[PDB]
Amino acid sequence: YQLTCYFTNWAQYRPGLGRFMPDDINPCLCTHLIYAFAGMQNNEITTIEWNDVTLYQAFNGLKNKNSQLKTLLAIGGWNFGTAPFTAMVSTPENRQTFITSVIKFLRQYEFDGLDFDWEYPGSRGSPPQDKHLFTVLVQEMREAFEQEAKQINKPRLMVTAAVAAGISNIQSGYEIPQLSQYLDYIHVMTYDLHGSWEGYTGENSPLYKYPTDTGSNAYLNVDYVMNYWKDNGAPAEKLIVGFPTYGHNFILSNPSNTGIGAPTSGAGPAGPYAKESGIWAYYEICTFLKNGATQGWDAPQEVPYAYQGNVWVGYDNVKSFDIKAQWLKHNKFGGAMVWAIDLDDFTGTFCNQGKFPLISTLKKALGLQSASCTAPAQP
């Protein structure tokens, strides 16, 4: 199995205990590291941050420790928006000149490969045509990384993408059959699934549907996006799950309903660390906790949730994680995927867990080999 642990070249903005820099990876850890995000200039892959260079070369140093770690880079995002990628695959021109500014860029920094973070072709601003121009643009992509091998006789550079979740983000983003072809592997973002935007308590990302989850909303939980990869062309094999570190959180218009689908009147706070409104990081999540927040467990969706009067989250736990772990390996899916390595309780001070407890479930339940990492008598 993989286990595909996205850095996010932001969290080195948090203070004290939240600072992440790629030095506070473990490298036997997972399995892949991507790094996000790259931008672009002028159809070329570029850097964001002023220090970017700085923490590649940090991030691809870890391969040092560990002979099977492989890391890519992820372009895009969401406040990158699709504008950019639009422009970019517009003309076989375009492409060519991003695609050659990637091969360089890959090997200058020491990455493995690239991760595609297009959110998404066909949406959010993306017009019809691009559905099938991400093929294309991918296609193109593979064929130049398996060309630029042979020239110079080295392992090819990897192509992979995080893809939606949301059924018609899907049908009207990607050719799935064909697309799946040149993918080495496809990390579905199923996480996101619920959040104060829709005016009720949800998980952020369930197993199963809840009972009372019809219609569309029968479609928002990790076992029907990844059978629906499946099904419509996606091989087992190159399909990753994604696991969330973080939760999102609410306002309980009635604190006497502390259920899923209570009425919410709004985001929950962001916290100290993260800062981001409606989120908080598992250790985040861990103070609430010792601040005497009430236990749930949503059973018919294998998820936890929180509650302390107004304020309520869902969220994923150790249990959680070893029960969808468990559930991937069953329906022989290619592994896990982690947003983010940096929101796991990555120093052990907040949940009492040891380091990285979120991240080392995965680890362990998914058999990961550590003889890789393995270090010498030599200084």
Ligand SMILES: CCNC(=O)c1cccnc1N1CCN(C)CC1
Second form
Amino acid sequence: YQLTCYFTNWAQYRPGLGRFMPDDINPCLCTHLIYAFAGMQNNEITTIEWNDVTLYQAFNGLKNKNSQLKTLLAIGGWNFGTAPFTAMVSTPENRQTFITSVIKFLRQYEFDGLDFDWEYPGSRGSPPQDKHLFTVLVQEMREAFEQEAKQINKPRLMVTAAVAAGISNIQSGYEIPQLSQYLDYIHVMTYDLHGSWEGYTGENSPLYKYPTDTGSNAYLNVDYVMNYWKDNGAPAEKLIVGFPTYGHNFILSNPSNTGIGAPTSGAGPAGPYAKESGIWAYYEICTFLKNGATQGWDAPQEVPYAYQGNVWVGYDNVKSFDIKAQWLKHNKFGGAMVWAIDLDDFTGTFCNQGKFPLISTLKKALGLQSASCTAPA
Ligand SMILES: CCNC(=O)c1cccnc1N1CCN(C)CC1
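Please move on to the form solved in complex with the named molecule, as the form deposited without the named molecule is already shown.
Zooming out: every chain and molecule, the one shown earlier first.
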């Protein structure tokens, strides 16, 4: 199994104990590390933060401590949107310009591959033709990587993608069988499956449906999404399950109603570290629990929740990560990806469950405890 962990280049701006840099990553923890995010200018890949070059060096320098560790650069993300992707795939010339730039960039800064985080082909402004053009782009990148590997006599660069969990987004976004052929790994975003935008409490990443989930709401769980990808053409072995080291919080309309599907008035408060509206890092959630919140367990969906006064949070813990990992193994998927390494309790001081408690749970469960962690020769 792979254990693939996203690192975010804005975690550096968090105050005090929240500050997270590439050198805070245990190089033995994950099998793959993904750097979020790269940008695009004139159909060519670029940095986005002022100090990305320095951070790349520290990030890829972690491979000097683990001979087996591989790194990838993720281009795009939510705020990036679809416009530069649409423009880049719109002509063969623009795609070639991009692919050439990527090969040069990854080799220069010593990344082992590219993760496409186009959110999403065929939606959020992206026209219908981008569904097929995304397939074309990925195939062309894969084949360019194959050719480059032989010309310079080095291992081939990897091409992966973070992909939609919403069924509508999947249907308008991906030619699954064709796309799966050329991608090395498919990182399925099996989280953000519920949120305050719905007007009621719901879990961030429930494994199974809740009894009341009817119609299209029955699709908002890890099991359905992963199986949808598999049943519609993606090989299980290439499919990577998304694991969140964060939760979504809510403001309860009635503090007396604290169950799944309880009416809410909006997003819960930003945390003191990640400072994200409606989102708490796992370590921020641990503070919530320590400060007197009541623990809940969503039994049908195998995930925890917690509430105090008018604040409700749906999240993942050691128990839920374990259950999901056992499920993953039973279904013979390629492994797990984690958003994000900087949201786990990396210091171990918030949750008192050791360093990186959530990711460590996956490392143990996926048979990676005895994985090689030695500097290269
Ligand atoms: C911060 C923006 N993140 C992304 O675009 C992203 C890219 C790849 C995988 N997961 C992503 N998240 C979507 C937003 N969620 C709140 C966390 C996970």
